[PDB]
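S.K.: Residues per chain are reported as follows:
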Amino acid sequence: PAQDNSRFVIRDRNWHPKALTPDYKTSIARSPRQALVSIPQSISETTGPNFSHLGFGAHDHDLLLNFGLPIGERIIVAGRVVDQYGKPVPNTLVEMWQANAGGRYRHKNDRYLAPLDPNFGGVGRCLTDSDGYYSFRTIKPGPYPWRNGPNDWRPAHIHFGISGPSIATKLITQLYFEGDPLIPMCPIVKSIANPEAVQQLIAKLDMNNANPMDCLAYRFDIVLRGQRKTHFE
Amino acid sequence: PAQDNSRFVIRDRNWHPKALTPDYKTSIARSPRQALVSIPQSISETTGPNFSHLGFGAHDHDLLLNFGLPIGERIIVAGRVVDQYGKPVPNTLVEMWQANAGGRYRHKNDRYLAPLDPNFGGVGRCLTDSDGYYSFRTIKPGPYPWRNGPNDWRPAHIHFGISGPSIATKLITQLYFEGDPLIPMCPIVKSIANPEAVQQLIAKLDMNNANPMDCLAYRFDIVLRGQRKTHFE
Amino acid sequence: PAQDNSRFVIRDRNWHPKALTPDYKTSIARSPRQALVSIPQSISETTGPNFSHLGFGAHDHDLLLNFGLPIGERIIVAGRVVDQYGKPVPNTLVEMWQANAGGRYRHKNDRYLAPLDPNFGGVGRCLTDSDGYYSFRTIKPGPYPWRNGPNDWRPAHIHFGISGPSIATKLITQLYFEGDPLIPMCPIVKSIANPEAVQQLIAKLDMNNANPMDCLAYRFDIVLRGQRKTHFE
Amino acid sequence: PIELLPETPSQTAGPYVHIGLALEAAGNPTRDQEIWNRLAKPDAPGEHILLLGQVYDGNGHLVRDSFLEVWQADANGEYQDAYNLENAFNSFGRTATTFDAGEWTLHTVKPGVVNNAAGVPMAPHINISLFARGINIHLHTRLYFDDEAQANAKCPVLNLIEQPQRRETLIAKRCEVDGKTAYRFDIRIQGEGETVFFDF
Amino acid sequence: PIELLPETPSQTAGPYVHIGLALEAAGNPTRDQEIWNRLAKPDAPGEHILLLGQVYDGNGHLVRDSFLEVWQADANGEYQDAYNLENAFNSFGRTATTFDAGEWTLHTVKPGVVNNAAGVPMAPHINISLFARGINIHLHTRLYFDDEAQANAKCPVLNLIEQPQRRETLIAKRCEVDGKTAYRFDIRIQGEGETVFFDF
Amino acid sequence: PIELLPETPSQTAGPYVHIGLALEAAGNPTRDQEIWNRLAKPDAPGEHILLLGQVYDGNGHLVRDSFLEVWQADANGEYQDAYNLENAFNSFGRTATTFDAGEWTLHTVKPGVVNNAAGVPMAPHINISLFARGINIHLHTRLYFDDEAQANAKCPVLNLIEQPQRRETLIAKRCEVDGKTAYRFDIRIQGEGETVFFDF
Amino acid sequence: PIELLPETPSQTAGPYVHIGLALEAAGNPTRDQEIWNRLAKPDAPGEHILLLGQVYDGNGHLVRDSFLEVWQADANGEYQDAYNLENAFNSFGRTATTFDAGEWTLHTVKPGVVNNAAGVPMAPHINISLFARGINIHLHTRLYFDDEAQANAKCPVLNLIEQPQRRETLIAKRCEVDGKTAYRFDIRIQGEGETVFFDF
Ligand SMILES: O=C(O)Cc1ccc(O)cc1
Ligand SMILES: O=C(O)Cc1ccc(O)cc1
Ligand SMILES: O=C(O)Cc1ccc(O)cc1
Ligand SMILES: O=C(O)Cc1ccc(O)cc1
Ligand SMILES: [Fe+3]
Ligand SMILES: [Fe+3]
Ligand SMILES: [Fe+3]
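Residue numbers (this note's numbering), protein chains in the order written: chain C, 1 to 233; chain R, 1 to 233; chain F, 1 to 233; chain E, 1 to 200; chain H, 1 to 200; chain W, 1 to 200; chain B, 1 to 200.
Hint data in this document are derived by calculation from the structure and do not stem from the laboratory.
Beta carbons are placed, not taken as given, at the ideal position from N, Cα and C, and that holds for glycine.
Any given hint could turn out to be false.
What the hints assert, rightly or not - Straight line, CA to CA, 27 Å or less: simulated DSS-like cross-link-like pairs of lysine-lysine:
{"no.": "1", "chain 1": "B", "residue 1": "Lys110", "chain 2": "B", "residue 2": "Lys180"}
{"no.": "2", "chain 1": "R", "residue 1": "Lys18", "chain 2": "F", "residue 2": "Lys18"}
{"no.": "3", "chain 1": "B", "residue 1": "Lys173", "chain 2": "B", "residue 2": "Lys154"}
{"no.": "4", "chain 1": "W", "residue 1": "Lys41", "chain 2": "W", "residue 2": "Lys173"}
{"no.": "5", "chain 1": "C", "residue 1": "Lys25", "chain 2": "B", "residue 2": "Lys154"}
{"no.": "6", "chain 1": "C", "residue 1": "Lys87", "chain 2": "F", "residue 2": "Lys87"}
{"no.": "7", "chain 1": "H", "residue 1": "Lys110", "chain 2": "H", "residue 2": "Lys180"}
{"no.": "8", "chain 1": "W", "residue 1": "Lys154", "chain 2": "W", "residue 2": "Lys173"}
{"no.": "9", "chain 1": "W", "residue 1": "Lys110", "chain 2": "W", "residue 2": "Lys180"}
{"no.": "10", "chain 1": "R", "residue 1": "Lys190", "chain 2": "F", "residue 2": "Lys190"}
{"no.": "11", "chain 1": "R", "residue 1": "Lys190", "chain 2": "F", "residue 2": "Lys18"}
{"no.": "12", "chain 1": "H", "residue 1": "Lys41", "chain 2": "H", "residue 2": "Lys180"}
{"no.": "13", "chain 1": "F", "residue 1": "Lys190", "chain 2": "R", "residue 2": "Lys18"}
{"no.": "14", "chain 1": "C", "residue 1": "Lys204", "chain 2": "F", "residue 2": "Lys229"}
{"no.": "15", "chain 1": "F", "residue 1": "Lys140", "chain 2": "F", "residue 2": "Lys108"}
{"no.": "16", "chain 1": "F", "residue 1": "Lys87", "chain 2": "C", "residue 2": "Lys204"}
{"no.": "17", "chain 1": "C", "residue 1": "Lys190", "chain 2": "C", "residue 2": "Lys204"}
{"no.": "18", "chain 1": "R", "residue 1": "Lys87", "chain 2": "R", "residue 2": "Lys229"}
{"no.": "19", "chain 1": "B", "residue 1": "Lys154", "chain 2": "B", "residue 2": "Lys110"}
{"no.": "20", "chain 1": "R", "residue 1": "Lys190", "chain 2": "R", "residue 2": "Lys18"}
{"no.": "21", "chain 1": "F", "residue 1": "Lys25", "chain 2": "R", "residue 2": "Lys18"}
{"no.": "22", "chain 1": "H", "residue 1": "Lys110", "chain 2": "H", "residue 2": "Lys41"}
{"no.": "23", "chain 1": "B", "residue 1": "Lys180", "chain 2": "B", "residue 2": "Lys41"}
{"no.": "24", "chain 1": "E", "residue 1": "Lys110", "chain 2": "E", "residue 2": "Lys41"}
{"no.": "25", "chain 1": "C", "residue 1": "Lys108", "chain 2": "C", "residue 2": "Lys25"}
{"no.": "26", "chain 1": "E", "residue 1": "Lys173", "chain 2": "E", "residue 2": "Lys110"}
{"no.": "27", "chain 1": "R", "residue 1": "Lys108", "chain 2": "W", "residue 2": "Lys154"}
{"no.": "28", "chain 1": "F", "residue 1": "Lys190", "chain 2": "F", "residue 2": "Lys204"}
{"no.": "29", "chain 1": "C", "residue 1": "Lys204", "chain 2": "R", "residue 2": "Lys204"}
{"no.": "30", "chain 1": "H", "residue 1": "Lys173", "chain 2": "H", "residue 2": "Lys41"}
{"no.": "31", "chain 1": "R", "residue 1": "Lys190", "chain 2": "C", "residue 2": "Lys204"}
{"no.": "32", "chain 1": "B", "residue 1": "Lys154", "chain 2": "C", "residue 2": "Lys108"}
{"no.": "33", "chain 1": "C", "residue 1": "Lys190", "chain 2": "R", "residue 2": "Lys204"}
{"no.": "34", "chain 1": "C", "residue 1": "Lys87", "chain 2": "F", "residue 2": "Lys229"}
As the list claims (entries may be wrong) - Derived coverage of chain R by chain H (criterion: at least 3 residues anywhere in the stretch with Cβ under 8 Å from a Cβ of chain H; other residues may be distant):
{"no.": "35", "region": "49–62"}
{"no.": "36", "region": "90–101"}
{"no.": "37", "region": "171–185"}
Could you build the full structure based on these sequences and the hints that come with them?
M.R.: As structure tokens, then:
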């Protein structure tokens, strides 16, 4: 069983998006009005599941084959998962989900007029390696309209969920593409007050990793709460 | 029949890409080694076809219907065609062609591994209106690899051909998308020495023209040789 | 035998000197006119010889003893060989050759009037260690005149040949010395378009490695093409 | 001051979180091994219980697109981190609310007591993280049991909530479903009886 | 000095120009009305002729992906600008080279004489624009006829080419195809016998 | 976009390359172990061959200061990477052009077939890199054998050269030297019959 | 991205709006022609109705300085854009809240049905814009009729409001005033029962 051997650096709630960000409409009614209650870290918060033993399929991380070939821009999305101390986070679970090349999601609730791709599901998972690296192969998603303001559009993005070493490190986020003109206009992106923080969600074109005459590649590195040993406790 | 009533401003061959631009390999053997011979304008050069009477189909300019719905980002591409004097060029022929959302063209010679879209052809045509405006509705094309350098990729683009009032104004070009990280790396884009000229080929996101919950829009204005009356000839 | 498990980052041919650099007269008739043909990497290109078993003599890397003592500025030339990812390249062959203190080469064809040095050959070889480090002990060479323009002088330099992990990495270059005023006047240096690329060829004075009361030291690190594993191939 | 690398900023999981983390729920085909709402196998030691609840927004409206993750000790108060489908018990699980009913369910055992860092025992609790469209960064909370008043009274964490009335929001009310032991734990994101959320 | 707005920069038509401007050639379905290589209807006045040619690169290799546009006066030396498929004659047309054979063909009549701006008559000619992958900006040229030496000798445009030997590159050589009057006009982009290209 | 550390820029080997890489040729004493032009020992399996050639500049003049490095599979189509003078076969060698005659020679064996990345076999070939004063960055080419036409016809690499005529520039002409099998491979850096050079 | 000229920013109408748009109410002499609260003349076709309501702030207090503008189709579901005092029906009107009672009144006819952009008919509605001190930019809402439930049920607009409960805030309660058909439409700017406001 797990043991309480580390402490995680406190989160910066001014770096992360606040709960109430009115331009993102739904957040009005879904943001707490009382202040969070801070609690000291215990074994309950400093431990979490390890997915080393989960039985992943052979194409869990390959969206081009996990669902004919899908239509759209073939790309590899890879990067490294490290903590705030720059330390790799090995054997950690990385899950992703996204729309198709037209911005249509394979979900009941998606009624957008862009069609579904008979050969595209849009779900992937990968366990990071010994060095904290992960990789996926998919197609680049299309922006999509949503009912917020009368003409709001989500910049193309890939959804990511990352476990890390504890429930204290778990995070869900969204990766955006270097240069998309839709990023600066998105109220969800704007839920993040610091422009520097936004930069952190932008995947960089990585020509070094592309497969000539096959697919392009984007690099997206992830930083989770720094992990340290307890001391003088 | 046509008459010799105007003169066109001389082209700036230092603004346009030169013939020999070695990084674009095929241009080595397809560029003339002798200098062009300048000739004074005559009725032969100052006149051209008028397509006012061509019988265009109802969806000639709509790539979403001119070929099920195609897969990919629905967009409108519109703009105005003016001359160097800022004058509109009405009733002029605008033709376009492009790949699918995956970067696959509907041509024999395209052997790229990205599949063809059963509902996408990629050819459009539109006659500009009385005010020089044109518009097309299509899906945004995907970048594609080509055999130049060992890892060259064309930034997503739409091919355009524009008639104008004379054969002196005819032009073929390529429209690129605002922010594409692939533009600065393309040897074809780079065939154009002036960075300012490149900017001219970049389509701007135009949220004003988009159809909420339907499609985005890009604005691409075209400038053809200025037209003036002869004088003291 | 060797196996095909690596891919090398595509060389940047705008970084390296172009083939045709007219100020460097000899390049005129010794540069292809047709474009290079790019081919996918195969075992043929991603493998190379390993010189680990080559039997190197005791003074192979010591030009002060491998040929009395040479006349000239006693120096140590050391550095590391890394790939573009910053990974060390251990057990790699590094070969060097240069003129003596007066810019005279110990070669038949060198009829420069500065005398040969009886205790100096001008050749060395070193296998990098586990950390990618190499070292040589020599005397600093002198610049020398050459029949290019009517008064062309090569800056002082040492020629280097590095094998790296494959024939795709093999490279030959020249090391120049920090602050030499001849540097910016050389047509061979100038074959390199980007001033930042030039900087990469300049060895820095390294007082840290110097042997007091004995010899100075210069630091020269080399970067071979980045090596990556194949993926989704 | 010393500054580390900044943590990657959170983003709402959005309305389609299910396609990524609750496949069945998305109404899409599942994979061989899925992380879901059954932490304990029939044969796992401890009192087997059923957890159910609803989530409410600030307008008192059901949130039908929530995604919850849970972490708890086993009946022995041990955290079983090595996730395996072969395990009789797994300390981690996932659930979500019905697009219809808007109710989540979880099948587990009652957690054993664990001590805080200072060596003081905390009352039995299940750590919960909630995600949904409209929530920029997930909300952390704890589920305690109404049938453990004695322990609840002495919990060092529960004791950190300033106002006693707020502590009540964290107590699941014991019930029975099909003569099976259940506990109902409703979460109120905002407004009246707003559920206590933590920062750690 | 006064500077106007800059003209949009040219870009190569690329290897797939056919899908956009030579549909049949692309091997794709055509539209109701297409602009192609038949300028004259059987019933159009003037000498009906067939034009054919090949295009060569600098290595002397056939260019099998070229696209050409043409503009010429009618038999009366009149430019018929109002393009219509109902026209017996259209002054404009389009052709392309076979991916196999690499030869283009055009069906027209021999153009009437037209005067330059100074009122001097130019020899009969067809204005041509060439496009292809590897050509950043299209090449302008003219096709003249070998059977009009007298006029050719006096053409004010032809007379602008410095070297007489270069003038020859612009003369189509009369032949006959199926006992039909034809003229062969080969274009050499680069090297030996490089075709004269204009700027206007 | 992501940018790595830039590769150290190449520089011409210069006229005196021999002093560093071809001691014998530089006419300087050699060391105990030198990497030279004998890839195979008389007892190495495979057909032993003699390879010779000349290198020409763009004026058709001999390049008497060229330096070449070769890389090839043994008879079994395997690359012997562990360089050792005791081996009966070494996949790596070096040669240079006579300051006099200006011809290089290599003593090896006809390489076995190896497959590309896609698993498609390539025709027997020898990888060559050429260095010399006037060459800012080395030239990469391959030598193919004239008596392997069937295979040459199917080579995935040779098949990448658009123009069929340029492929012939990579084919070594079989001959006999002292009743010993030889193949002559002439390299023309520029102009007429210019040898194809590769990038990878 | 393309940016147009920015729209002139809105500013509160302020407390004295009446002086400019509701002369009678401001208690100032009116001009010959004033745009007021009588949309229909007694002889206008359709069911004549009396509309009245109050406006409340977030404290539940009466807003006695509100100014309202209405836009509606006539009985035939047509918008009469040509404003004229002689018309028996005008699609446009204005009203304000009593400084005393604080109720506004309008005299019109039950609007006919009009379709949306998609051709889907909308339930009979009246477009309202509210202005007042404290309101930086005007509020847009629609008034629906309680006796049009079938239609209300199918309204493409009403159907856009996620929460069914909020739709009720747009339904005017039918009544009778002096045995004359009336409908009461109370607007709550904030808090409990807050009226839905639109953007378009
Ligand atoms: O919350 C929203 O409705 C906007 C949104 C939609 C999809 C998504 O994946 C993320 C946010
Ligand atoms: O000339 C080339 O091969 C590159 C290219 C490919 C397609 C295209 O549409 C434009 C240029
Ligand atoms: O190419 C040349 O002749 C100049 C040169 C001379 C010596 C040397 O080592 C390098 C280049
Ligand atoms: O809202 C207010 O009371 C301030 C105000 C007063 C007069 C005016 O005209 C506008 C605003
Ligand atoms: Fe999304
Ligand atoms: Fe293209
Ligand atoms: Fe030198």
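S.K.: With reference to the structure, classify each hint as holding or not holding.
M.R.: Here is how each hint holds up against the structure:
In summary, the hint linking B/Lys110 to B/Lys180 is supported, as the alpha carbons are separated by about 13 Å, within the 27 Å threshold. Taking the CA atoms of R/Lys18 and F/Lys18, the gap is near 19 Å; set against the 27 Å cutoff, the hint holds. For the suggested pair B/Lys173 and B/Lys154, the alpha carbons sit about 19 Å apart, so the restraint of at most 27 Å is met. Between the alpha carbons of W/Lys41 and W/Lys173 the distance comes to roughly 24 Å, so the proposed pair stays at or under 27 Å and holds.
Simply put, C/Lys25 and B/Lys154 have alpha-carbon atoms about 25 Å apart, close enough for the 27 Å limit, and the pair holds. With a C-alpha separation of about 18 Å, the suggested pairing of C/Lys87 with F/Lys87 holds against the 27 Å cut-off. Between the alpha carbons of H/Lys110 and H/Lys180 the distance comes to roughly 13 Å, so the proposed pair stays at or under 27 Å and holds. Distance check on the hinted pair: W/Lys154 and W/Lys173 sit about 19 Å apart at the alpha-carbon level, within 27 Å; holds.
Taking the CA atoms of W/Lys110 and W/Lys180, the gap is near 13 Å; set against the 27 Å cutoff, the hint holds. Proximity of R/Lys190 to F/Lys190 is assessed by CA-CA distance (about 22 Å); at most 27 Å being required, the pair is judged to hold. Using a Cα cut-off of 27 Å, the hinted pair R/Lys190 and F/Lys18 holds, with the two alpha carbons roughly 16 Å apart. For a cut-off of 27 Å, the pair hint linking H/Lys41 to H/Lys180 stands: about 15 Å separates their Cα positions.
Restraint check for F/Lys190 and R/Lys18: satisfied, since their Cα atoms lie roughly 24 Å apart, inside the 27 Å limit. Proposed proximity of C/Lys204 and F/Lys229 is supported: the alpha carbons are some 20 Å apart, at most 27 Å. Restraint check for F/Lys140 and F/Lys108: satisfied, since their Cα atoms lie roughly 21 Å apart, inside the 27 Å limit. With a C-alpha separation of about 22 Å, the suggested pair F/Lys87 and C/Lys204 falls inside the 27 Å cut-off, and the hint holds.
For the given pair, C/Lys190 sits about 20 Å from C/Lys204 by alpha-carbon distance, which is consistent with the 27 Å threshold. Between the alpha carbons of R/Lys87 and R/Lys229 the distance comes to roughly 13 Å, so the proposed pair stays at or under 27 Å and holds. Between the alpha carbons of B/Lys154 and B/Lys110 the distance comes to roughly 18 Å, so the proposed pair stays at or under 27 Å and holds. Proximity of R/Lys190 to R/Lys18 is assessed by CA-CA distance (about 10 Å); at most 27 Å being required, the pair is judged to hold.
Straight-line distance between C-alpha atoms of F/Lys25 and R/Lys18 comes to about 25 Å, which keeps the hinted pair within the 27 Å bound. About 13 Å separates the Cα atoms of H/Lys110 and H/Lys41, which keeps this hinted pair within 27 Å; it holds. This hinted pair checks out: B/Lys180 and B/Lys41 have alpha carbons roughly 15 Å apart, not beyond 27 Å. Between E/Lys110 and E/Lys41 the alpha-carbon distance is near 13 Å, which keeps this suggested pair within the 27 Å criterion.
With a CA separation close to 22 Å, the supplied pair C/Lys108 and C/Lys25 stays within the 27 Å bound. Restraint check for E/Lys173 and E/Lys110: the C-alpha separation of about 14 Å stays at or below 27 Å, so the hint holds. At most 27 Å may separate the alpha-carbon atoms for a hinted pair to count; R/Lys108 and W/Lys154 meet this at roughly 22 Å. A threshold of 27 Å between alpha carbons decides the hint, and for F/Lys190 with F/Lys204 the separation of about 20 Å falls inside it, so the pair holds.
For the hint pairing C/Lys204 with R/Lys204, the CA-to-CA distance comes to about 21 Å; that is within 27 Å, so the pair holds. With a CA separation close to 23 Å, the supplied pair H/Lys173 and H/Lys41 stays within the 27 Å bound. Using a Cα cut-off of 27 Å, the hinted pair R/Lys190 and C/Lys204 holds, with the two alpha carbons roughly 21 Å apart. Distance hint between B/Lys154 and C/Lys108 is fulfilled; the C-alpha atoms sit about 22 Å from each other, no more than 27 Å.
This hinted pair checks out: C/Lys190 and R/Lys204 have alpha carbons roughly 21 Å apart, not beyond 27 Å. Straight-line distance between C-alpha atoms of C/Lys87 and F/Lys229 comes to about 22 Å, which keeps the hinted pair within the 27 Å bound. Remark: the region 49–62 of chain R is confirmed as covered by chain H, as 10 of its residues place a Cβ nearer than 8 Å to a Cβ of that chain, reaching the required three. Check result for the region 90–101 of chain R against chain H: holds, 3 residues qualifying (beta carbon to beta carbon below 8 Å, three or more required).
With 4 residues bearing a CB less than 8 Å from a CB of chain H, the region 171–185 of chain R meets the requirement of three and the coverage assertion stands.
Consistency note: the structure conflicts with none of the earlier hints.
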